[PDB]
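Presented as structure tokens, the chain that follows is alone, the form deposited in one PDB entry.
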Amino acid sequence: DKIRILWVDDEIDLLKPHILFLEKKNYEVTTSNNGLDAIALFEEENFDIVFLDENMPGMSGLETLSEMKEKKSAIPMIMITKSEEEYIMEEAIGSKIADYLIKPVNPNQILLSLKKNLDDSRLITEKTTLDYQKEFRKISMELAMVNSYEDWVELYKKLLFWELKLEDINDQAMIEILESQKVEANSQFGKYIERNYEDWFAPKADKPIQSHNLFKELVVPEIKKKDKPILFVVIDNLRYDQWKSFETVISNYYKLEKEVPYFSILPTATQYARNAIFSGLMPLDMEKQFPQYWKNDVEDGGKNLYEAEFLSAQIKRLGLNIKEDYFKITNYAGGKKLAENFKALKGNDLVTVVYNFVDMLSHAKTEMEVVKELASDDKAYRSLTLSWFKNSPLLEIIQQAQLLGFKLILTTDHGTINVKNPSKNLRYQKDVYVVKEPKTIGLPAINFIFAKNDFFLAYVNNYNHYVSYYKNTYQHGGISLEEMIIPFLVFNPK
């Protein structure tokens, strides 16, 4: 199949050099000297691409383009014209032209435009596969050398970068190399975390920023600037890769000012960690200082329901005085509502939204066949997350906040990981990091265990049932890059 071009120009006879040039390159050119005839051909026959002049005696190129797009939407159209006027440029681009070449045109420019517009997917696939072939041994080397938390953050960035670059490619060998680097990364990370995690809670220890330090050290400073109100959005259970999947959408409305990967405390679960975000305290200290608010595992009723109170208390412990409002969205109507009425809180200095939809979505894969098919692989989950965010009540809230000139601070409590391997909440033996003293961590317990790598805890009784139902499900609470290294972002409104 030679690629079939329809070329429409009143002065087509003058373009025979260009046509000859293209035909020699296995391009088939049908020509036409008016838009009406071209539309007729464009309907009868199936062309791969159309070239259009702007100024023609009858219908203009842009008019011809309109009639053509109505009839067969997804055929790429290129404009080749003398018009150098900005307003025609703008009308072409506004019409979703694929490219606009000003005459007299270098014939190779046209060829470049054919390659870019018809071949770019496979070319990008080729170049990306070869780029990774040349890069991946450096990545194995770098991983071996990491022994710092600052260095763990860098390496995760690299893996995330290449994850999205390769997500499209179809070369099994290189896909598996990347999987194996990601597995090895977690195995190394788990050893790292168990080796220095306890040491981190000792006085004078060089330490990553964690859950219990988050509000104190990264939120307070941006408030005390005192230029603009701050919208704080804690999106529950958001992996770094999911942030990355919708970074371009959000950037239409917000410009990233500051980005800081941080380390969520163990366990990587809402009640233990999200409460810590709002309290400025480790679990143990929340039990000590607020026994009427803190809830222990064995307690029924549900968790994370006094975050507002934890937060208000922290603000005064710091000594800061501000107007503060806190909300927790747990369903559609909820978030839809808070979008329509976001107006009212302008005068409020800080606004805090907790959004639980992504956790609900991650957990839904466990039970619903539908979600299994929507989130079969990580790529699919990132894709689905993007479909979500683009049409979320959460984006509406974000869109309102910019119109009010709020600075946005966007973060999460922890991520989630696809669990693959059983070991006898499903993440909290070399398979586990034991802490037979809890105060050493700052965890409460009378008189904690954290799964590493891909592991999920399956009880000896009903071991098979646990294995078969929870295999290849998103769980959290343990130690993985995906769970524990999580974004903290400040943005300025556009």
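We call the rigid core whatever largest set of C-alpha positions still superposes within 1.5 Å between the two forms. Residues that one form lacks are left out of the comparison. Numbering follows the first chain given and starts at 1. First, how it differs from the form deposited in another entry.
For the relative rotation of rigid parts between the two forms, the listed residue sitting on a hinge is 129 (options: 253, 205, 367, 129). Domain rotation between the two forms, with the chain taken as two rigid parts and C-alpha atoms superposed, amounts to 13 degrees for the smaller part. At a threshold of 2 Å in C-alpha displacement, with the core superposed and only residues shared by both forms counted, the segments of at least 3 consecutive residues that shift between the two forms are, in sequence order, 1-124, 170-173, 297-301.
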The other form holds:
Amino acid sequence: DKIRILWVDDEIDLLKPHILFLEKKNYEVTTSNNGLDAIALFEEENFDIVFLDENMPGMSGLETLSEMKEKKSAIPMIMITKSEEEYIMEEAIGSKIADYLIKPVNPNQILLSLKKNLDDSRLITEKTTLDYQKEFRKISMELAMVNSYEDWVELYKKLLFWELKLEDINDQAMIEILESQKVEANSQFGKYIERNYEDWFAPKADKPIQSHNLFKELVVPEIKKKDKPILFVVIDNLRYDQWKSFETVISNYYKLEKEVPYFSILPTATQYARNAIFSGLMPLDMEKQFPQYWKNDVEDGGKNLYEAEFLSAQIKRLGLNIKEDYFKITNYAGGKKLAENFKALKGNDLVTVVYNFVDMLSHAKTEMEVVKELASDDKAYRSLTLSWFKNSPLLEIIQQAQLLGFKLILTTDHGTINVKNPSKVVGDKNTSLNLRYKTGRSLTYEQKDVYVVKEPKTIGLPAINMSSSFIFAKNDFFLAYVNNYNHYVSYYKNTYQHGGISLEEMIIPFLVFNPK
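Can you swap the form deposited in one PDB entry for the form deposited in another entry?
There are no partners or other molecules in what follows, just the one chain.
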């Protein structure tokens, strides 16, 4: 099976040197000197690729292209033309041409196009495979050598780079090697946090940017430039790899200006971390300064009701004098309504949007078999996230914002992790259920599995009484009650949970973009 090329050109006899060149490289070329007969040939025969000129007496190559793609849209098509006109370039690109080569053409430039457009998947798979064999050892080495939070960020970015490259490989041996490096990463990172998290709360401490610092340290510098209105979107419960999975979709509308990885406070829970973003305060100080807004034990509905109030209070405290609105999207319909009415916010200095879709999807994975099959592993969950995003009102909002010349800031409260191993726990139940952190007056737990803080106020968290403590799951543990243990294990094994310590949960993107 030689690769079969259909070349359409009214002057095809002048390109016979190119045809001989390709035929010596095991390509079979069929020629046509008009579009009509070329289309007929293309319907009847199976060609791997088509080359087209633009200028033909009968019908333009661009017309021929549109007709051919209607008949078989999966066939790559390359324009080989004398035309250097920007309008023709744009027409070709807009018609989903694979490449556009300007005559006179180096035969090897044509060969390149053939390899780039027919063999890329194979070449990338081969290259990625061979590279990761050489690189997996270096990553383990670097992982063993990590002794700073900045180094943890850098390592995490290396892991993610490779995790994404490996998702277009079929070899399971290699994928398991990476899954094991992630496990080792989280183990070592868990210990790092256990040893350093408390010191970060000492005065004048060297510490990463965290939830309660975020708005003041990273958003306000963008506001104070006073060059553009800002859409500040907090996508609830987004992992760094989920961001990566739709980075390229966003890059069509927005150019990245700044990317700062930052750290969620503990617990890595929406009620604590996300409220902290908006308040600019640790949860202890939200309880002290806003007792009417802050909730400790609460049912699932009522954890993040006062974010607008928190944010406006912070904006006042920082003495910004800005037109600013807050919206929380909790469903499709609300999303649509904001995309439809977004024009009305042109006058604003700041529009802040919380987008809840994740944590309804993570919940769905626990409850139904189909969502489990769609999110079987992290690769699938990334795929499913990308699908959601591509077809979400959130992307429509971003599109709107770009048309109105808004700056886009994109971040999240905290990520999630696939939990695998149950760790036993006893203690009177909280109203809302979390599987990676607990707070209580009499908590029983396996100490090896959890970071324990016996004096919560030292890390900016509320204490119910003098005895109270917090525990945070490490690794991929989930905290299972001893009563009902077997059903807890069956239900929640291999679900996405949050609240504890992992790279996925704790290290998260903050992203600034300018519209294109």
